[PDB]
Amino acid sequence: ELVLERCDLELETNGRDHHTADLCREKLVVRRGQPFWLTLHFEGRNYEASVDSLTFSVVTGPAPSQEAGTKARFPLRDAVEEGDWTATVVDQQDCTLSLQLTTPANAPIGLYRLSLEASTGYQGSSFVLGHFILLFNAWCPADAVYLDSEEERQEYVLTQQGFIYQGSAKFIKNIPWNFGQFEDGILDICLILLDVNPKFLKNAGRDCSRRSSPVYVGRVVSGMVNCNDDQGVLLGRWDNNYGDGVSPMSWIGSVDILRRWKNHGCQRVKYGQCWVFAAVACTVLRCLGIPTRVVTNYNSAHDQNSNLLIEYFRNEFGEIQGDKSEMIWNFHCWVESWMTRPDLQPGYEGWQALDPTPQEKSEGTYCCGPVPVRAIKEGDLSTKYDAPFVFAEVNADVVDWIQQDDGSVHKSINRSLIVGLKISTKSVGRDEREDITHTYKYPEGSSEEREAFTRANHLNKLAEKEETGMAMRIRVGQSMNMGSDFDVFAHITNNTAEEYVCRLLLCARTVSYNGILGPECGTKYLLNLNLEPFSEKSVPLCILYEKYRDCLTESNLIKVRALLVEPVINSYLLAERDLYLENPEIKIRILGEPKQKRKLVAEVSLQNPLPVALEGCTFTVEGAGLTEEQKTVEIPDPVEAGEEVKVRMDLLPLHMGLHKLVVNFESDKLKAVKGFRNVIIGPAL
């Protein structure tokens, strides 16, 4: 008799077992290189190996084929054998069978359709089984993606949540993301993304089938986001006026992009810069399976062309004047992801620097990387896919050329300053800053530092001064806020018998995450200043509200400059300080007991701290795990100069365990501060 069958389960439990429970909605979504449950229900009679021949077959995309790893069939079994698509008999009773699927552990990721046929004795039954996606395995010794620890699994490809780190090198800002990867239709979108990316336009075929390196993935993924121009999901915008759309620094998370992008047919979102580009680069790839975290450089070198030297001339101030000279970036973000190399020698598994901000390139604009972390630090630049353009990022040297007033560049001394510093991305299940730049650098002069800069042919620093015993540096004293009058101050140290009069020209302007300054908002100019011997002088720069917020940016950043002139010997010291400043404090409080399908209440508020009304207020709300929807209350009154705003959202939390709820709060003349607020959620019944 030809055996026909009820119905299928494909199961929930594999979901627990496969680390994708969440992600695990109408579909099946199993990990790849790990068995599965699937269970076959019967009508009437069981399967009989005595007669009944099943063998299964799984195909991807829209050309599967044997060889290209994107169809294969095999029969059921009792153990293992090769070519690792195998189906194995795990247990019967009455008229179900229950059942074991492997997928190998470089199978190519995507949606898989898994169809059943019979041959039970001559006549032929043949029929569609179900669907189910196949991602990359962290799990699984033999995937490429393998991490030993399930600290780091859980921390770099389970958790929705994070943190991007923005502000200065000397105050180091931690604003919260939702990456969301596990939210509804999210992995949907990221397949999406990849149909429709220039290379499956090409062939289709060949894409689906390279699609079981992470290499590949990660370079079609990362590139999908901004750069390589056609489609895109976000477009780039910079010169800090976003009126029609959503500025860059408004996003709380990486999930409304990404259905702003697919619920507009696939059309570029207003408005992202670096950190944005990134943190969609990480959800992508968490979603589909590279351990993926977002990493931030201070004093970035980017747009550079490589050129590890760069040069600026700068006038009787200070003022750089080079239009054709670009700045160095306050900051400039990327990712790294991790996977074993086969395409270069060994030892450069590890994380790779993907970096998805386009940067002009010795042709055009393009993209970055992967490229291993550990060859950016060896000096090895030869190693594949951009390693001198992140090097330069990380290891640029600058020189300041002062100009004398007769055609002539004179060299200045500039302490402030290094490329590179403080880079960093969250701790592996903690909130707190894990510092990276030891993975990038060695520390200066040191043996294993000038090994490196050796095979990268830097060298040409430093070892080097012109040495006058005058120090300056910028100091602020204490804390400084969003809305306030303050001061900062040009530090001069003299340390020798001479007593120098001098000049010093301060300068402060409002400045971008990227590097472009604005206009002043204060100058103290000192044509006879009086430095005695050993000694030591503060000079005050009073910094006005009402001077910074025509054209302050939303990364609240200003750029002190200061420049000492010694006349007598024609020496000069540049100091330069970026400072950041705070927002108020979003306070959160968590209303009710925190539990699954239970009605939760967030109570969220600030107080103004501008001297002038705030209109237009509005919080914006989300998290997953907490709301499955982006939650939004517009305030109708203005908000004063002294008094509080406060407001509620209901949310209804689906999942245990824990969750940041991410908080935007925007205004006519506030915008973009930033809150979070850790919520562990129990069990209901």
Given for the second form:
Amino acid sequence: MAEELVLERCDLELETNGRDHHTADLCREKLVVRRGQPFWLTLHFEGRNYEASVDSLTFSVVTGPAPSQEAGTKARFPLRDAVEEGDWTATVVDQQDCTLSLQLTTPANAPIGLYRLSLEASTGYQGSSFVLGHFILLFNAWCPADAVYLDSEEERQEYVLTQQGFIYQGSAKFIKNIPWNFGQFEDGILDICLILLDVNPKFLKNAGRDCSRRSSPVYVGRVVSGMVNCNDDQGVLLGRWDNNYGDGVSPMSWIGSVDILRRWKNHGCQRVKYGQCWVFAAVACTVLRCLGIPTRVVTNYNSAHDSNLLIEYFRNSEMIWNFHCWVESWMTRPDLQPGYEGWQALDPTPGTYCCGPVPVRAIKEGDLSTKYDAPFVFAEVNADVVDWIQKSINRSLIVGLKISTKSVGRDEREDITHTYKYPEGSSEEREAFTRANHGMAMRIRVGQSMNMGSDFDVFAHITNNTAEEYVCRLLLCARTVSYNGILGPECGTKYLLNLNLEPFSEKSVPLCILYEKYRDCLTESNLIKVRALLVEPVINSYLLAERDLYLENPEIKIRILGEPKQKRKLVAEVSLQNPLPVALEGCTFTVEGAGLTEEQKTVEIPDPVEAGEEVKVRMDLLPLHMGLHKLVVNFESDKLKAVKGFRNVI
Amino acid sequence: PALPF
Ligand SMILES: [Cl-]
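The form solved in complex with the partner chain, contrasted with the form solved without the partner chain above:
The complete assembly is shown below, putting the previous chain first.
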């Protein structure tokens, strides 16, 4: 006899839900709730109320464009007293005259996103399915069973609910706290974040699978990361670092994420102008916090001291900056080995999805095979630099300084450097350097000898003594250097982007030093400083090698014409061979030496001397005494001055 | 600004 039920309306209970699910701000118009936790609907009925003996109620939920039960994006479940742990359930908690209070639970591993809720009221012989409305399901750091679980309320407040923090800029020794409006709970943001997901490459590739996988805070974090700065047009931000931001808004101008998200949407999801590391991280932080993943912005600082070849190498992507900001998020990592639950580093700055998430403990341990993108993060806080100048650690460049983040629930900076790096020179810091960078050595060489005037080769002689092939970058350059420390213009430069070093091998990499280059930029030193920088860019380890080079003057040949008796009868033969490729003008000798002459014989030359063309002169000597005697010569030219020489006699 | 060394 019993008639089917007619729903008057469905109360979403936005207040008590917003309160219990910590989504009070996101529940202005619409129900948003977190997973793994009961929420409340109240059915108002027109006429007869629910009677458990008569009516059988089923609910259906779908999320995304291709829901399926196997993928977790669809679920059907009854209304009944027995409530299973970790499943989609609905049960009654109150029943008055007209109303029926329901309590719904979602799995703690339920996919996040927008859901359509349907009800099927079957009364005896009949039934009628229809839509109730929509709830949005978020990540739940309060839920012990959730992967993003976080056991400290103060931390939950900080890394999820707090909508302002500090982003640290400046330098290692002058840190500045810049305040920031994350505004993850402002009008529109939640929807815009949801859009960001539904435009992501993996969603286009396979929308159904994508929505399924948004159960994983790893997956979402990875997706949240590479979408803030995409190489696509769909990405949120456009980077620019050349103080030329007149086209759009200046990276330094922004004080919040919110306005960037809106601009991006309101203009067909097109790159906002412009951003830099810390703007990307803030945007990622906002998006992540909004979706319920505990997140924070961090700043790592670097410092570089003395035109050291490193500074030169960079002065003219994966480079070394004054500082760099990325985000860390909080989740378990059952995709990895045990014990990597906790902070995971994510880098939304330039799978296209890079970088992360990767455990921060994996970086400190140097377990660089841990997914995702461990070497890239490791590179951001580790640079090994070594000199040779005949090993000798160089400190012209320090990376991994004062890694900083806002302290929990206070207007203060928290130094988190210890989480990334072991103490310098510790058993652990070395133990971990090993695990990372599983004999490599380089020097400068000349081979044949060097003459002022002549062109000649210098070699970066690199030796892979180990069993591992490396792919290195090589800068090999030469400048003139002064007796009193100054450095002159370039007189030889060879850059090599790709230099492979096959195991247990060597290379001698030539650079040509041309007269034409050095000749007019030289000083009386005759000093060329050759310098090789060898970059292994994966580990971010460097080998420096430098060597100074003296361009010797041409020898003066001296011969003893006559006989060596303790009497007289001697003559001098003194020759120089011009080593230049040019007319050597206004040539003269001087010769003298006590015991051989008492008349310094200056002889001038009217004939300019050519390249290779030598120049002999003569002088008559009247020796006097018996013992050892040394003749002494000087030579002068227009463009070649003060070349000496001597010769012993008896 | 974020500055390259
Ligand atoms: Cl199905």
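Positions refer to the first chain, counted from 1. In this text, the rigid core denotes the largest set of C-alpha atoms whose superposition between the two forms falls within 1.5 Å.
Trainee: Just one of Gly205, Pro594, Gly130, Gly110 has a C-alpha that shifts by 2 Å or more between these two forms on a rigid core fit; which is it?
Mentor: Once the cores are aligned, the residue moving by 2 Å or more is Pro594.
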